[PDB]
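Quick heads-up: it's one chain on its own, the form deposited without the ligand, in structure tokens.
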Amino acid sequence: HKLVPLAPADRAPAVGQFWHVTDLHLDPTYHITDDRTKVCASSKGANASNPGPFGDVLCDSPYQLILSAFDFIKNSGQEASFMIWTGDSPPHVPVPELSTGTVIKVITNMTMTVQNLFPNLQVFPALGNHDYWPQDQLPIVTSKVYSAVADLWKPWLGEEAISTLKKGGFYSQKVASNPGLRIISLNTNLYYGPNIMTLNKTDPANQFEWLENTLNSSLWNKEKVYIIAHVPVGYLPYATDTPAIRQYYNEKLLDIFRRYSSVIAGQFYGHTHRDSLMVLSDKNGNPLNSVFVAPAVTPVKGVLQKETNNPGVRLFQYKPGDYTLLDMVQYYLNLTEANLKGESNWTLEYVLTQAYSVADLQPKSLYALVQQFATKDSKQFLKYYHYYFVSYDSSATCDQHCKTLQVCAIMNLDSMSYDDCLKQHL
């Protein structure tokens, strides 16, 4: 007779879960026609290679492909308390074939698709570099796109998040279903090389100052943070000595993340359209923070490229009330198979702990895995390289130079450590 909260049984709490989707790249022009140069504007006049209802490797996503991905999530039987959605909704077409209004229409379509299918799910979006017109020119002051997405994302975001989004394309937001957890959604397109609007700016849109203040507040309020953004930190794994964002910004952002590694329980990016790991470490090689780059829904590639990805979506598992990452489940669509029979079969690609025999996703666990990758003829690395393209090509091989670039990028996010790795291993 005393109104005490009812104690849960002595069972183990279920893990928490969230989805990560990215790089949808809807092409509304997609249609099958005999002249394969007219299947999709995103192929820019190339003949689509072998187009079907779920897309083509030379095209961005048909609406049916995106719908199949979200329908899979909806019908998966997995519980999830939120979703993160890291940008890039319009297709790869020349700048004159788009407009601000068209970009907003595509982002609206994707947002409303998600809201329609998941009415009870809090979603945390980030802007991508194609989420603006012209592409990549994301500004340092308010804009029609920033205002539009603040309006579109109001169902998921509080007043303060809406205000920062409208001004600079970034926000932080407490996760309603997960007390103690905050999402920081950065606009890393401000740091992306093609952005003329931020040339020579030390702190475009004051995002670094804002990020430092936000992380310091989380530190003192005993929160944990998941960082989400479109373009990742670190180095491109397929090129030599090329930071994904401008070096000055990569160095500066990584310094903030090292300083706040104790608060940051995960970092989640897109843009690359590949499945990559990174481990942020200190200058002496001690692991600090795990970084997860998710592959795209779109399977697009250019004609010059040999490989591409299969469509992917992924799920993370975390410790409730603590937010340590426990696992990652990557799902995919075998696009060739789905197009041949005309039916999608979104399916499990791998569970990270099972694929790699690691205990969890903590920095020390993943650092040890990457040390295994570095061993000669590592079977773990062979598996990783197959998963990098979401199992698009089981015969893809990574020669010595290719492997050095991959492992160096996985392990070394800043210039000094990356270049030292090249020195040792080229």
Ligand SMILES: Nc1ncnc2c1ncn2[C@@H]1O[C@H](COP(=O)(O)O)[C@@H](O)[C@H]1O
Given for the second form:
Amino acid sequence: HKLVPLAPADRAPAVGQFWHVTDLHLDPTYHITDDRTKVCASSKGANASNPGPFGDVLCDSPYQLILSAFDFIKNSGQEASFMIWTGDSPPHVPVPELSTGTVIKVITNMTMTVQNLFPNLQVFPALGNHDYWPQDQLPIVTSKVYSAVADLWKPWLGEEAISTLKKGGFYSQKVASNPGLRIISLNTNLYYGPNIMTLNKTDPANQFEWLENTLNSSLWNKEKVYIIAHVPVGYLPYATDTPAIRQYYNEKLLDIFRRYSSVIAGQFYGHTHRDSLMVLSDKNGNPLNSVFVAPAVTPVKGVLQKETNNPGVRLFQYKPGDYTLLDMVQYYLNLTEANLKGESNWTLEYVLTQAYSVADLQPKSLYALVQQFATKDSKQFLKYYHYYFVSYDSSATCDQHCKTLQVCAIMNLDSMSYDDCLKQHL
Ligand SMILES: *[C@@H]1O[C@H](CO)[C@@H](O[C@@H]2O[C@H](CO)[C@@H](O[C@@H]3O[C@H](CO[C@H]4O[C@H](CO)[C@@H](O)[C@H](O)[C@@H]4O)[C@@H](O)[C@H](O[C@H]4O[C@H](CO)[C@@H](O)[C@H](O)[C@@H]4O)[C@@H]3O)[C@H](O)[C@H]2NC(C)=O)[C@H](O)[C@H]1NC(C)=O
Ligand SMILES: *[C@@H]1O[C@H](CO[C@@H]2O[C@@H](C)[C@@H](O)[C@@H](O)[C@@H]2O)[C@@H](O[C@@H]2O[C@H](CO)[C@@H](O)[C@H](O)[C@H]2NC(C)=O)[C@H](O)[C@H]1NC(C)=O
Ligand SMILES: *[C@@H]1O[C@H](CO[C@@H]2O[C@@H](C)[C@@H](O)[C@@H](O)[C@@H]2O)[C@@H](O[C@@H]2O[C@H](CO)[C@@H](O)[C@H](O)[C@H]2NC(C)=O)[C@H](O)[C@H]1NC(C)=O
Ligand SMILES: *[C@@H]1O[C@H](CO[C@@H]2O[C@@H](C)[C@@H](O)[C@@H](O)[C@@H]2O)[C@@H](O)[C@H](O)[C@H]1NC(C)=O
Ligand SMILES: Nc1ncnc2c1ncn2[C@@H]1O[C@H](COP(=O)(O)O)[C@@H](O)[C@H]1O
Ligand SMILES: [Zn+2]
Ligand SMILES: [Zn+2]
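Now show me the form solved in complex with the ligand, since the one above was the form deposited without the ligand.
First the chain shown before, then all remaining chains and molecules of the complex.
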């Protein structure tokens, strides 16, 4: 007779789950036609290679592909308490073939697709470099795009997040279903090489100052943080000595992340359209923070590229009320198979703990895994390189130089450690 909360069973609490989708790149022009240079504007006059209803390797996403990805999520039987969505919705076409209004229209379409299919799911979006017109030129003051996405994403975001989103394209937001968890959605396009608007800016849109204060508040309020953004920190794994964002910004952002590694329980990026791991470590090689780059829904590649990705979406598992990452489940569409029969079969690619025989996704667990990658003829690394393209080509090979670039980028996010890795292993 005392109105005490009803104690749950001693059963093990169910893990929490959330979805990560990225790089949808809708191409509204997509359509099958005899002249394969007219299947999709995103091929920029190239002949589509083998187009079907779910797309082509030289095209961005037909609407039907994006719909099939979200239909899979909806009917997967996986419970999830939120979704993160890390940007890049318009297609790869020349700047004169887009406009601010067209960019906003595509982002609106994607946003409304998600809200229509998932009316009860909190979603945390981030802007990508194509989520602006002209592409990559994301500004350091308020803009029409920033104001538009602030209105589009209002169902998911509180007043303070809406205010910072409108001003600079970034926000933080408490997760309604997960007390003690905060999402920080950065606009890392402010740091991306092609962005003229941020040249010679030490703190464009004051995002570093804001991020510092946000993380400090989370620290003192005993919150955990998941960082989400479009362009990742660290080095491109397919190129030599090339940071994904400008080196000055990479170094500055990584130092913030190292100082707050005790608060940051995950980092989640897109932009590369590949499945990549990174482990942020100190200068002495001690692992600090696990980083997850998710592959795209679009399969697009340029004619000059040999490989591309299969479409992917992924799910993370975490410890409830604690937010330590326990696992990652990567799903994919075999695009050639789907196009041949005309029906999608989104399916499991792998479960990270099972694929790699690791206990969880903590930095030390992943650090020990990637140390195995470095061993000669590592079967773990061969599997990783297969999954890098989302199982596009089991015959794709990574020679000694390719593997040095991959492993060095996985383990060394800052310039000093990355260049030392090249010195030791080239
Ligand atoms: C996603 O879905 C696609 C489509 O089903 C799968 O791709 C097919 O995979 C099978 C098996 O790997 C391929 O069949 C094999 O092809 C080999 C030839 O390689 C290429 O050569 C021709 C050029 O002449 C290409 O056009 C062709 O597409 C291939 O890419 C052959 O050497 C094999 O022959 C022998 O294989 C075994 C031997 O035990 C036997 O089954 C056969 O009888 C034969 O003796 C075999 O035919 C098939 O070609 C692929 N199709 C396409 C369109 O690429 C992907 O594997 C799948 N992805 C994942 C991750 O599962
Ligand atoms: C796009 O492709 C067309 C068609 O090329 C053919 O189509 C394929 C199915 C395959 O069979 C190829 O080997 C063929 O060549 C190209 O147009 C043709 O190109 C050659 C001359 O270079 C010749 O077949 C015809 O003169 C061209 N026209 C047609 C209707 O066949 C076209 O050049 C390709 N465009 C690009 C940008 O690659
Ligand atoms: C989202 O778009 C799809 C795809 O259509 C294109 O995408 C938009 C960005 C915009 O440019 C549209 O004008 C394009 O047609 C829409 O699906 C299509 O909708 C129309 C009906 O209005 C219909 O003619 C098509 O057959 C539909 N299907 C396909 C595969 O194109 C979809 O309705 C849009 N969704 C939202 C919520 O806006
Ligand atoms: C980080 O915050 C420290 C703690 O100060 C208190 O933090 C919360 C509760 C705020 O309400 C603030 O007003 C409090 O004073 C600061 O002492 C410290 O300066 C901050 N560190 C940095 C690097 O900004
Ligand atoms: N694996 C790759 N090889 C060569 N170029 C790439 C690769 N991945 C991405 N790019 C380039 O990076 C950009 C793609 O990012 P985005 O345009 O934001 O989707 C384009 O300029 C591509 O040409
Ligand atoms: Zn992209
Ligand atoms: Zn991008």
